[PDB]
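J.: Spelled out from the first residue to the last, the chains are:
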Amino acid sequence: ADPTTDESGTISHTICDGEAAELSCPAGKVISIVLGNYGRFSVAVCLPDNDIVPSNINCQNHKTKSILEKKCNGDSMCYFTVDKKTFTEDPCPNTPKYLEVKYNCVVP
Amino acid sequence: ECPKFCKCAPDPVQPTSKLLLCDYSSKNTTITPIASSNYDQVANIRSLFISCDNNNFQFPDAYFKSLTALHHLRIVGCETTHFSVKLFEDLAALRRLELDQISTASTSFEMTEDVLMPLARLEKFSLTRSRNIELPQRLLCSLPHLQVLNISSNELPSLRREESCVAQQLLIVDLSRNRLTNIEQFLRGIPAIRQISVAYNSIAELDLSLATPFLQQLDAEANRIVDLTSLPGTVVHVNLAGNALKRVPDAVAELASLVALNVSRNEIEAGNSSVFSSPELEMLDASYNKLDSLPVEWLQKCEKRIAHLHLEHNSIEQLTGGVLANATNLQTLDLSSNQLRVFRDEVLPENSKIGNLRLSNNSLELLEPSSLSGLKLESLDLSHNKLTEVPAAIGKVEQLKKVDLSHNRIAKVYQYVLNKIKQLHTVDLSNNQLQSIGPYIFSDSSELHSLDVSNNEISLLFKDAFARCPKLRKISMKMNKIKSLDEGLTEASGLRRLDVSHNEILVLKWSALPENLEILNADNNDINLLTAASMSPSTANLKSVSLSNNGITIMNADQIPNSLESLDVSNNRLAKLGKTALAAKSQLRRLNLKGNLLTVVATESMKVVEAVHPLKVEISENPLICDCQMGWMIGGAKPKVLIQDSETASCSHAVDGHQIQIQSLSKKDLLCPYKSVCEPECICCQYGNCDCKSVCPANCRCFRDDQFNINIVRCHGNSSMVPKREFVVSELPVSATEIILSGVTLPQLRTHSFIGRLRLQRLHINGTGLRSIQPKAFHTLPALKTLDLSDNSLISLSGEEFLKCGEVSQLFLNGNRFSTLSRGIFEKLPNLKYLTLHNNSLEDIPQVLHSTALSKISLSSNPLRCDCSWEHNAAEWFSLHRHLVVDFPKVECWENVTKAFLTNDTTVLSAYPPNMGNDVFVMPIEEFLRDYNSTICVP
Ligand SMILES: *[C@@H]1O[C@H](CO)[C@@H](O[C@@H]2O[C@H](CO)[C@@H](O[C@@H]3O[C@H](CO[C@H]4O[C@H](CO)[C@@H](O)[C@H](O)[C@@H]4O)[C@@H](O)[C@H](O)[C@@H]3O)[C@H](O)[C@H]2NC(C)=O)[C@H](O)[C@H]1NC(C)=O
Ligand SMILES: *[C@@H]1O[C@H](CO)[C@@H](O[C@@H]2O[C@H](CO)[C@@H](O)[C@H](O)[C@H]2NC(C)=O)[C@H](O)[C@H]1NC(C)=O
Ligand SMILES: *[C@@H]1O[C@H](CO)[C@@H](O[C@@H]2O[C@H](CO)[C@@H](O)[C@H](O)[C@H]2NC(C)=O)[C@H](O)[C@H]1NC(C)=O
Ligand SMILES: *[C@@H]1O[C@H](CO)[C@@H](O)[C@H](O)[C@H]1NC(C)=O
Ligand SMILES: *[C@@H]1O[C@H](CO)[C@@H](O)[C@H](O)[C@H]1NC(C)=O
Ligand SMILES: *[C@@H]1O[C@H](CO)[C@@H](O)[C@H](O)[C@H]1NC(C)=O
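Sequences listed follow chains E and A, in order. Here the first sequence is numbered in PDB author numbering, starting from 29 and rising by one per residue. Numbered per PDB author numbering, the second sequence spans residues 27 to 895, 914 to 983.
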């Protein structure tokens, strides 16, 4: 889906498995990853087109926030593909996963 | 063994023998013969008691057999009309017979001259409390060895005796409480009599000097005696209370050794002073009389022998001094209820033994300082008088132990009056006009026990007022103007019950209390604050406290002393209760929250740390809320707090606010709303897209239960500011188990609106303007059981919107535009039991509803066509299924009479004249099916 910013200026982003992820900050600022999780925390988000409701909504990859901060922080824009290759592990096999990333844009 | 319905006992008069106590009141069962029970100690039964309350109780002829050693027999309440003569043959050792209540206003009892023939050796015969009895005129002839005769409370109008019968051992006669007017014939010829009690009768003329010459005690209370005729010179006790006395009768004033005279409640005058003769009169009770002043002719002979003088309710104006100045044996003097104004000094002797002096309800104005000089008084009464202070006649006694000075006009209490008496146990200064309680007016009374200054004007308490008294234990100050308790009672460490109720005390300091107080009462004050009961040492000994009708608005752990066993804070303004107020107070047993303004009384304010006992609570009359925090109100916790008034205690509901009975409050009501929360074990709670995160949408109220099982989301578009946006269902909480979007504006259900809601059980998207339902909008709802799409703009429903909803059993389609019921409904609603399709546009009965498992269905207010059954009519399905319709008298046949003529679709209903103003003829459905073959469908 589209990145959404709340009242405190934190931009969130929800990107499905196998898709391209683009984080971007305006001129003069750099990305600051607040949160990061690659897995499944919702039944409704990124529905499989096969009509199989996901039964695993307590799926967590704890290395996600640390791998996103070493990849996107200090940079004004970040690119990668969301799959099990980028986050080093499959936190719940046979469950559709997605990266949910929230980030702040701070002056370097 | 003791026989049937009777219990043995060792005889009190003779503890070596065996008493028996029978109670055949219990039942109408048979009367076991005592001789046939062969009790091991029948000859040890010397006294025998029987008690009944049933009527017509008759003894078996063979009952009192083998009791040949029975000396005393008491029969109580066993009514009859006569006893068996054979019964009293085997009881020659009987020395004392008692009968009590053997007849009422109905049963007539006759003491037979032959029933008592085998009862000569009866040395005491007692027959009390019974009406309409007949005694033989030769009653005394059967019982000559008679000594004490008691037939009281029997209302016998006359007593007649044959003149040949002489009771020559009759000592004490009891005729009291009867209707006797003259008995001379009975007493004539019975001279042994020494004691007579003809009390409570209507005797008019009494003559006894030539009848009972040894009469020693005469009791004639409550009669019509105007003046006596003659007495024996032996009378030592004359009781003439409640008679027609206008002066002292002569034959009593002439007595030789009269010890006591009670001529009270008469209308005697003290002008007609007869001269008393006996110098042995030691007690004189001329109370409730019309005396103007004490006559000296009376006491003239017993000045050094008189001891007790009760003289209340007379009209003594002044004790003309000198009359009592020689009564050295005078131990009691009662002069209450007269018109004395000054109790002068020359009335009493110098060293009188007076221990009782009673002078209440008088006009007493002055007690001169010498009338009570040197007295050894124990009890001094002077209430309802006109004293102006505590008079110094009372400084002279040193033995004074109890004092009453209430309802007077005392304005002040000095130091010397009530200090110089050390032996004073009790003081009363209530209902006076004290303005304050001065210091050291109570110090040197180190034997004080009770002090009363209630119903006064005390505005202040001096710090030193209560020192030097380590025995004063009870003080009452109710109904005063105590506006503060500073200083005044901190020092008296022997007090145990203090009264400061009905005052002006604004704030309550526990430190401003004595240190051994055990009962406190601060009722009907202005108290609105409780100090630190934890930084106050004078709380360790407090057991009960009542702060009812005050203004305490909060109570915490520090304001509730931990050692109290009782607490009463009823009719206060308690909105909060500190959340550990009853935690560390393990000793409390009762708790009164009656009449407060509490709303949420949390579970932690009643959880008692290691309470061994049930905690009693009155929590009625409080604007409570029954939410999930009132878990203790159901009673499944320990300590198991038991609500006393759960039968009237009420609370309002957590959703709508209707009244709930706390007695019938269940685990289902306790809802406590929220705006955002997280389930147990929820890992993504910090995130925005989290399933276990229950975030409330705008314009929605969200409730829940304690354990994340109930989740009510009840949204409403009851806004005159009409929702200019559809309702976005994707914003609702994920774990919702009931959804009501009712009044909001939502015209379309997209594909996959409700996907993945496994917990959802009720869904009421009614009143949203739903025109279209995209398929799979109700996807995977396994616990979904009730669906309500009523009162919208739906015209037909396919069955492709319902995917995986097998548990559905209720579907509400009323208030729409439904004309057809497809088959796709029952292929996906198997558990379907309840259905509503009333108030719609149904033109006929859908032919899917001929083979369905519905149990209740509603199909009224629908334009249904009724023909004579071309095989599918309405009245044909209805006469077969009219039980399935909940509103059968609410369905009506419709036929547009204007269309069916132009379309030639002629039906049986276009031949009646249509309703005035309409093109349709309307007839109730019951009228069509009853009149089916009778008139309508006849060819
Ligand atoms: C001599 O004859 C007297 C007839 O006047 C006998 O007097 C009887 O005394 C008893 C005992 O008191 C009465 O029974 C009750 O008495 C109380 C007394 O007042 C108490 O109560 C009031 C409040 O009600 C209180 O203000 C006082 O301080 C007392 O504590 C009455 O109030 C009761 O209503 C009730 O009458 C008898 O009524 C009274 N008369 C009779 C006919 O019984 C006296 O007993 C005789 N002498 C002996 C030695 O027996
Ligand atoms: C207080 O004293 C007065 C005396 O005047 C009592 O008044 C009389 O009470 C008697 C009762 O024995 C009545 O028979 C009289 O009629 C009353 N006198 C009247 C009405 O003038 C009064 O009852 C006493 N009260 C108390 C509590 O002791
Ligand atoms: C039958 O259903 C219709 C529609 O649900 C009801 O008409 C509504 O009536 C209420 C109050 O009478 C109004 O506030 C609404 O605006 C009406 N809606 C429409 C679409 O007209 C009607 O009252 C129902 N009749 C019965 C007997 O229940
Ligand atoms: C007479 O008997 C009755 C009841 O048994 C008792 O109350 C009363 O005091 C008796 N009187 C006597 C023994 O003088
Ligand atoms: C009391 O007794 C004495 C004895 O001498 C007598 O003189 C006196 O008059 C009596 N009465 C009074 C009121 O003193
Ligand atoms: C919708 O149904 C609910 C019951 O869940 C009812 O209380 C409410 O009144 C209905 N809405 C309207 C607008 O009638």
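Hint data in this document are derived by calculation from the structure and do not stem from the laboratory. Keep in mind that a hint or two might mislead.
Unchecked claim - Derived contacts from chain E toward chain A, CB cut-off under 8 Å, selection only:
#1 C74
#2 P76
#3 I85
#4 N89
#5 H90
#6 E128
#7 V134
#8 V135
To be verified - So the derived list for chain A, only partly shown, Cβ under 8 Å to chain E, looks like this:
#9 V252
#10 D253
#11 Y466
#12 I709
#13 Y713
#14 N715
#15 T777
#16 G782
#17 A809
#18 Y860
Note that the Cβ used here is the ideal one computed from N, Cα and C, for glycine as well.
J.: Quick one: which hint numbers does this structure break? Sort them smallest to largest.
T.: The structure breaks hints 1, 2, 4, 5, 7, 8, 9, 10, 11, 15, 17, 18; every other hint is satisfied.
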